[PDB]
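Undergrad: If you want the building blocks of each chain, they are given just below.
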Amino acid sequence: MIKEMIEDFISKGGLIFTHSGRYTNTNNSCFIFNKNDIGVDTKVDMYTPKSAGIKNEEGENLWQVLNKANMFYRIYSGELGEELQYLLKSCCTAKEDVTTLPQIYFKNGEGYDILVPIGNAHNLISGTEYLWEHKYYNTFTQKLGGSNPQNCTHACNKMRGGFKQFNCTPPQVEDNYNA
Amino acid sequence: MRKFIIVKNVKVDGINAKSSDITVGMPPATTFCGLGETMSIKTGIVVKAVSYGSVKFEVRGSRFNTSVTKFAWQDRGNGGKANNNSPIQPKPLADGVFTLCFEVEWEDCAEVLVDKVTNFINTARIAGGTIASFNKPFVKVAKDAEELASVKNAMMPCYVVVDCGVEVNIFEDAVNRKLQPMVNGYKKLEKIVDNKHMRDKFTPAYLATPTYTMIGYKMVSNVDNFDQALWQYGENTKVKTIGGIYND
Amino acid sequence: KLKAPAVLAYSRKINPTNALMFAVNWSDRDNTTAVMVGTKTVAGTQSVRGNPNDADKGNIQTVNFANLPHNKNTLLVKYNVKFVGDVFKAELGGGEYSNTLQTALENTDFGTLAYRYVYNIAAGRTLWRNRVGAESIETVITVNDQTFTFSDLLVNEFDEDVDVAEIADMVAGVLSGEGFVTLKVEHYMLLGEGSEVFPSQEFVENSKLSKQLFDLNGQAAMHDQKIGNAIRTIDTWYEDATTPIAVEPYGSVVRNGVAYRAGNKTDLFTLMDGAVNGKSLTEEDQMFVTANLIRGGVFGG
Amino acid sequence: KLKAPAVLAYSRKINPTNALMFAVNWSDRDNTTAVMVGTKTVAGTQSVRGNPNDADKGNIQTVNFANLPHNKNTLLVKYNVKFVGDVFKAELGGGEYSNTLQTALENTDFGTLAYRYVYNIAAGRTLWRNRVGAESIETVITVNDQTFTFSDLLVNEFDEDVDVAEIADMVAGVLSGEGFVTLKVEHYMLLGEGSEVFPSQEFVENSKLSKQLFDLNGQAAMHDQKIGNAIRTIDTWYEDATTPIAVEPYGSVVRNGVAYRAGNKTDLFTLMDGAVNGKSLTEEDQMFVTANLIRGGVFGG
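Protein sequences appear in the order of chains A, B, H and G. The numbers in the first sequence follow the authors' numbering, run straight up by one, and end at 179. The numbers in the second sequence follow the authors' numbering, run straight up by one, and end at 248. The numbers in the third sequence follow the authors' numbering, run straight up by one, and end at 303. The numbers in the fourth sequence follow the authors' numbering, run straight up by one, and end at 303.
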């Protein structure tokens, strides 16, 4: 109903994050939480060791709980109490590490700036969900992990549809003609 | 505007197509900006306008799951397991033939600049690529805006990249108008406190994320006015066009 | 104190290009043609160990092939390679640690490295399965507007050669701090008439085909990585196991699944720390530790 | 205990070219013309087993045909064969299993295998069912600038001949450790004026055509493994069934659905295990094993 998932997530080593470099290198363990991304229609991601989770005896899945009625936001308003929000947020501790990340130098008027580009999971989720309903077979696909990909994320495990990559190939100039 | 140097049919090999975690294909213009500022700091000339074109571009592989490179053991954590099936780390590559057209102002000579720019190009990289063969760069002269069309009659044929604008947000607009995204710049989010493993101990460390803009690949003759294809550095680490919104 | 850096990088000193493949006649070398790829079908049984029961089933498959035309007898493999200097200049990480290795190095003989690299290029080790069955293999190399014609053979029984010494000395001088030198490799071979040709493969998620060939606008070509691996096989610096292997830290090739240079006191990072803390070592190992440094890459962890 | 390695790959030794088909007369064999492919349509009833009900419809298809012109009455099938020696070394892996297997081997006779191979080449068995309804055939084979002409009968039931003896001796000599030898063949055929031919067929996905044909730039031809399967059909070395079959582990022919050399005490793998650690083999099995080694493949895993 309300608690059991919450205490199951807390007792086991669960963590919430939105930007991570694991899609580039699996060896990194840097996780940070950003303030700006809180919103009604922003997507998040979670990690637990062994990627076990729990299974309902009646039969339930992780995806459905996020988008049914938004119960945790419905309690966020303060109808039932304010204690549980702090209870949940207290487990979100961020770690910093830059090893095995690219460095890019960028020019800003007079001077330099060093940057480390990172990806967003919400972009992937939105793109896949919006393209999966229009029957647009104009993308590549790729699976992470490799030999043992089920221990990395549930994305390779459960939804076999595949990720969507934009085809940025421009047309070529046909030779032996004016154009 | 006084002097333009043009290099055509530049063969680049083994381009790293994984620009980001979601964008694979044409490299972003931020690498062009970085190479331009590197040329500015190395040669010593301030450059304002940047132009480039696409001639050939082939991605290694097929319609999906293009190419995978076998990576071997290069870390000091091996010795027992380092005898079979090194980790995979999927990263596709590509091949291409491009061209460049740059503006330069210099009045001490006319050919020493060609010498040094050729020397620098001979020892450069293109998004992980490698220059294979290139034509001899040639020089063009321009004076002001009305005669600018002359240059479009000087270096045909190629494609051009033009801005068209976005309405509210691109999540559905990109599919609706069936154009291609591209990373116009980076937006800073927080500051990296640690200064241990950086390549420098004085440059400030910031964390940023890409921002997406709309560009389109068309014919030069189909472009009514050329100023839509100029790139100028803007406020908040952005790049803008001189002509603004496209209109008929 | 003197903690080993977990981040260090070095530039790719040797840059090979995409090898391109052509069909040309032995005596009509003015006119050449490209080799296409095409696609065909095969139908063979299953030869799987320990499966007597499944020997009565067929199997239809589709693969790409490549070979000389009906009337041609010469294979032409041509490409360009570039050697650059700037050694011992870190490109990502390290400002006061590379010099500490430099004051130990510069006692090695770069001439030997250049001799071995040019010998590998000239002999033809860059072509793996193309040399099986060819009676005549020769090359012509044009560098700095001067040309040399090599008919080198006998990759075994290494002997000193004085005809190739000049280019080896030139490039060796180039490595110890200079600009760039470009070499054009134009291997000619006379494998036969209509015989098969072996261009580089690439693997894809299970698709309509089962053996895809590398194509560059309707023409077979070889990957850069394989040529680069051909360039850097000089490692003859252990007491046995002739027919040397490629050079890399923890040097062991997975292709045949051998494990050489294991944790038996012969590695890369195990050396300099014991050299600075204690006495120096033989001249053999400076050779190896600079060889794998010349190849670019990121080292650390 | 000497377990078989994880990977043991052998490269093939008999490489045939990709055959080609032309049309000539019986006296002007100097000039040749090609054989095109084209296309056409067919229509007919649906006659299958135990289906009287669906015999009311007429199915129309489009097929691909091939036949001689109306002014030629001779078929010219030409290709080349290459025998490459240096047997008994695995291409992938193998330092102790392969070496011990070799030391056990090279006690058999290469002359018998070479003789049977050259007889299969000369008898015309490499020419598949175009030979039905043939008046008279001849084979012209050229080696070392020496030509030999055959009008040989008895495709099966290997007899004794002197014309193939020296070629068999040469092949046996080059097969017991040597370089390579090349043969060029010019099979001539007298089907008749306007008769049809039979090149290979493709199995493609659901396209417009219903029976495709193999072609090189629009020219009927045969794959270079049907010829390979025709060359190495010498396996006369089991309990019965003269008119032998090819050489492969778990000796099988899919067109009949019967798999000889099953788990009945005779097999490549069991005999190899006996040879590598145990007693010796008989005359038949040793040469069967080395003949199977002549063909490439993968073993172990």
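Read the hints as simulated data drawn from the structure, not as lab findings. Heads up, some of the hints might be wrong.
Derived pair list, reagent style DSS-like, types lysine-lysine, alpha-carbon separation capped at 25 angstroms [as the list claims (entries may be wrong)]:
#1 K213(G) <-> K42(H)
#2 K89(A) <-> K35(A)
#3 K84(H) <-> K136(B)
#4 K191(B) <-> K35(A)
#5 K107(A) <-> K201(B)
#6 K143(A) <-> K18(B)
#7 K81(B) <-> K143(A)
#8 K15(H) <-> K11(B)
#9 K213(G) <-> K210(H)
#10 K42(B) <-> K91(H)
#11 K80(H) <-> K116(B)
#12 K91(B) <-> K15(H)
#13 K56(B) <-> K80(H)
Undergrad: Next pair to validate is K80(H) with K116(B); report whether the Cα-Cα distance is within 25 angstroms.
TA: Not satisfied, since the Cα-Cα distance of roughly 29 angstroms exceeds 25 angstroms.
Undergrad: Assess, step by step, whether the Cα of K107(A) is no farther than 25 angstroms from the Cα of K201(B), and give holds or violated.
TA: With Cα atoms ~18 angstroms apart, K107(A) and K201(B) stay inside 25 angstroms; holds.
Undergrad: Take the C-alpha atoms of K15(H) and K11(B), compute the straight-line distance between them, and say whether it is at most 25 angstroms.
TA: holds, 19 angstroms
Undergrad: Need the status of pair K89(A), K35(A): alpha-carbon distance at most 25 angstroms?
TA: holds, 12 angstroms
Undergrad: Quickly compare the C-alpha distance for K191(B) and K35(A) to 25 angstroms and report which way the hint goes.
TA: Given that 25 angstroms is the threshold and the Cα spacing comes to 14 angstroms, the pair holds.
Undergrad: Measure nothing beyond the straight line between the CA atoms of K81(B) and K143(A); if it is 25 angstroms or shorter, mark the hint as holding.
TA: Given pair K81(B), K143(A) holds - Cα atoms ~24 angstroms apart, limit 25 angstroms.
Undergrad: Decide if the proposed pair is consistent with the structure: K213(G) and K42(H), CA atoms, cutoff 25 angstroms inclusive.
TA: Holds - the C-alpha atoms of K42(H) and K213(G) are around 14 angstroms apart, at most 25 angstroms.
Undergrad: Do the alpha carbons of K56(B) and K80(H) lie within 25 angstroms of each other, as the hint requires?
TA: holds, 21 angstroms
Undergrad: Is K213(G) within 25 angstroms of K210(H), Cα to Cα?
TA: holds, 19 angstroms
Undergrad: Under the criterion that the straight-line Cα-Cα distance not exceed 25 angstroms, is the pair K84(H), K136(B) satisfied?
TA: Holds - the C-alpha atoms of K136(B) and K84(H) are around 19 angstroms apart, at most 25 angstroms.
Undergrad: Assess, step by step, whether the Cα of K143(A) is no farther than 25 angstroms from the Cα of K18(B), and give holds or violated.
TA: With Cα atoms ~15 angstroms apart, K143(A) and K18(B) stay inside 25 angstroms; holds.
Undergrad: Would the pair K42(B) and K91(H) pass a check requiring their Cα atoms to be no farther apart than 25 angstroms?
TA: holds, 17 angstroms
Checked against the numbered hints given earlier, the structure breaks only hint 11 and satisfies all the rest.
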